[PDB]
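Before any questions on binding or motion, here is one chain by itself as structure tokens, the form deposited without the partner chain.
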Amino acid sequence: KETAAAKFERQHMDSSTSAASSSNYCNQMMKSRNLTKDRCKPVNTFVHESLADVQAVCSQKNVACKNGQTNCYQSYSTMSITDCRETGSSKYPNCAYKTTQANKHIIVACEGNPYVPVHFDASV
């Protein structure tokens, strides 16, 4: 089984690009990160920052997770993000996504030793 930390990396980290360069970014990335394997993951955010910069959020602004738990942290600064969301028509196994690039704060749930991101809660 994948570790919670490795699963966060695979689903949320895109340190290789500064931003989504086309409308097809999400179709490509949802596929290459194995988020369309058995079903279409409806919503997924990729972060265009270093792994170190995203891990560092776990010692930034402590906030509530939307589930009401208290191991969530908001980034002090904005980050380059891409929101991926299934289109209204999308049907497995022809998953189709809308790509939205933005600069926003990220909120992540952190856990473990080392204390690292295990869930992407939201971007603000």
The other form holds:
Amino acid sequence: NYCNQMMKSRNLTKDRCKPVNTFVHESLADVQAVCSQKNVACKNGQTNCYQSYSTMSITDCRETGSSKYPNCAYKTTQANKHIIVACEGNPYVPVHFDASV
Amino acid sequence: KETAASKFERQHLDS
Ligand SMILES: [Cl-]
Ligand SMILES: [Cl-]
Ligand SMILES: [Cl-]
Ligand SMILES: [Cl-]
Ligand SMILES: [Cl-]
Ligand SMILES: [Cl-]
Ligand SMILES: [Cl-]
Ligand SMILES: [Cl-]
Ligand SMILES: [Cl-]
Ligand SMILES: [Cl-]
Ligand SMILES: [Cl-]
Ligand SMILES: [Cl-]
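Starting from the form deposited without the partner chain above, please write out the structure of the form deposited with the partner chain bound.
Below, the chain from earlier opens the complete complex, with every other chain and molecule after it.
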């Protein structure tokens, strides 16, 4: 499946099984653009989080209950959701994927 | 050495 393939290729399952990961099917520039969209509170108390005006194409990858390194196994869920990112730096760009809504 | 912005792109972007 896509999750197993992309998780491996992107070095999230080569040296562990990362329990959860989200992939966004939008251009890098359109995701970066989120950092000047709607400012929202972060879960951690900071306020450098931003929510996309638009829903975006995303794939959620979540480890199965039986999955165990090295034989990582994922469930793949596809959705169109608003994304929430934490932004930082100069340029002010996404550094953490927080949630999808 | 990968930056935080680099790590986000690798982990999350699949344009
Ligand atoms: Cl990683
Ligand atoms: Cl692991
Ligand atoms: Cl982990
Ligand atoms: Cl994620
Ligand atoms: Cl791109
Ligand atoms: Cl958050
Ligand atoms: Cl909360
Ligand atoms: Cl803050
Ligand atoms: Cl989730
Ligand atoms: Cl959906
Ligand atoms: Cl942060
Ligand atoms: Cl950095």
